[PDB]
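In the block that follows, a single chain appears as C-alpha cells, in the form deposited in one PDB entry.
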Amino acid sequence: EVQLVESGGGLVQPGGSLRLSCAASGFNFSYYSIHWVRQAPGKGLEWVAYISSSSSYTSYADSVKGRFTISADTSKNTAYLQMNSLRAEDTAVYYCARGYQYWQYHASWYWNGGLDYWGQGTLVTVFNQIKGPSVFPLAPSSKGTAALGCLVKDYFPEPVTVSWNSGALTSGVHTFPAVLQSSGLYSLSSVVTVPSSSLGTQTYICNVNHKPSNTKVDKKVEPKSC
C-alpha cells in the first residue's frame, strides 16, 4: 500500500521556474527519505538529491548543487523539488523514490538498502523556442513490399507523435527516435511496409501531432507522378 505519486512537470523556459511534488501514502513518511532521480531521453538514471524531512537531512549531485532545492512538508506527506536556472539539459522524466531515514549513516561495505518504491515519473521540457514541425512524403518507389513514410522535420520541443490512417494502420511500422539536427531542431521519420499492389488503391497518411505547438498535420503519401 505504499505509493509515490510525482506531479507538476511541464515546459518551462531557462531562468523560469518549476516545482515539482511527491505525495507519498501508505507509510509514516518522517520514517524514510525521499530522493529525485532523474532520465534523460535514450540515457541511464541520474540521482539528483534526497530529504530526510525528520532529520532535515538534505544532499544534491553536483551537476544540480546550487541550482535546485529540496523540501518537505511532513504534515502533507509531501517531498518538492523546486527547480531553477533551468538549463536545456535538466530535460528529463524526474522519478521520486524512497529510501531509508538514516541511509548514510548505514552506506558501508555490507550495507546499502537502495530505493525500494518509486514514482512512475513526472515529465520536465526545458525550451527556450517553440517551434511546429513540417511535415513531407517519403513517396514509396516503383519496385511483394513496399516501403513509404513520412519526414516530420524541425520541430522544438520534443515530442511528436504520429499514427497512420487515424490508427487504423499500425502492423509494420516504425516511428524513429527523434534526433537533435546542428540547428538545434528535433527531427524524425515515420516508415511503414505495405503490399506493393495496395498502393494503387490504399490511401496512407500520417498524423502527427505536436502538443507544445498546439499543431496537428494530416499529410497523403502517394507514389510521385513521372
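Residue numbers count along the first chain shown, from 1. Rigid core here is just the name for the largest C-alpha set that superposes within 1.5 Å across the two forms. What changes on going to the form deposited in another entry:
- Comparing C-alpha positions between the two forms after a rigid core fit, one residue in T69, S189, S54, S59 moves 2 angstroms or more. It is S54.
- With a cut-off of 2 Å and the rigid core superposed, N214 has a Cα displacement that falls short of the cut-off between the two forms.
- Annotation for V173: C-alpha shift under 2 angstroms between the two forms, rigid core superposed.
- The two forms, fitted on the rigid core, differ between the two forms by 2 Å or more at the CA of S198.
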Given for the second form:
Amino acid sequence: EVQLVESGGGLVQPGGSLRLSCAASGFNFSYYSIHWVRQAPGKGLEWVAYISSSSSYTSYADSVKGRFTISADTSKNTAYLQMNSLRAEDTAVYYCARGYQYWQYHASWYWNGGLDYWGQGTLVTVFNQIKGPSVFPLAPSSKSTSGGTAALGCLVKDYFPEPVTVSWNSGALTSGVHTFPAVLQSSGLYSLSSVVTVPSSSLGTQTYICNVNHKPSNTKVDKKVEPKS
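Show the same protein again, this time as the form deposited in another entry rather than the form deposited in one PDB entry.
What comes next is one chain alone, with no partners or other molecules.
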C-alpha cells in the first residue's frame, strides 16, 4: 500500500520562499529515492530533483540549481523541497515520485528503473499581482431554435492569477457545459468563457446561474443569465 502525499503548496510572490512536503508510507523508506517532478499549466513534465535518505545522494536540474534544496527526515519518512528566489516560471503542479535508491549507479543503455509511484500533486502559484474577475453574461439569443437548442454563458474577465472555476446551478447542471482554457490577454490578465447548451423551451421557466470562484482573491461571483431586452 505505497502512498505518497505532497503538501504545503500555495501562493508565493517572486523572490519569496516555499517549503513542500512528500510524506511517504507503505515501504522501507531507505531502499528508495524520492523525486520531485513539476508540470507547468498546459506544459509537459519537467524533472526537478531527487534525494536518497542522506544529503550525499541528491542532485538538481540546471533550471533550479542554487535556488532549491532537497532534504529528508528518515525519522518522519518525509522529503522536503525548499524553494528560494522563485520566479513566475516556477508555477506548476509539483509531484513527488519514488525511484530506486541508487538509480544513478544503475543507469545504463539497458537499465532504467523509472519512477513507479507518484503523488496527486500540489499547485504552486507564483503571483506578481492579484485581481478578482469580472463576470459578464453571455445572454441567449432571441433567435434560438424554438423546438431545439440554445446557448448561454458567462464571460469571466480580467483576473490574476489562475485558476478560476465555473459551475452551473451549483453543479446541478453538468450536461453540455464547456468551460474554456484561460487565455492570457496582452494587458497581462487572464480571461475565459463558460457556455452551456440548453433546451430553448426552458428559457422562460428554468433559471441558469454560473458560479465563478477565484480562490486566490476569495471572490465568488454568481450571475443569473437571462434573455436580453
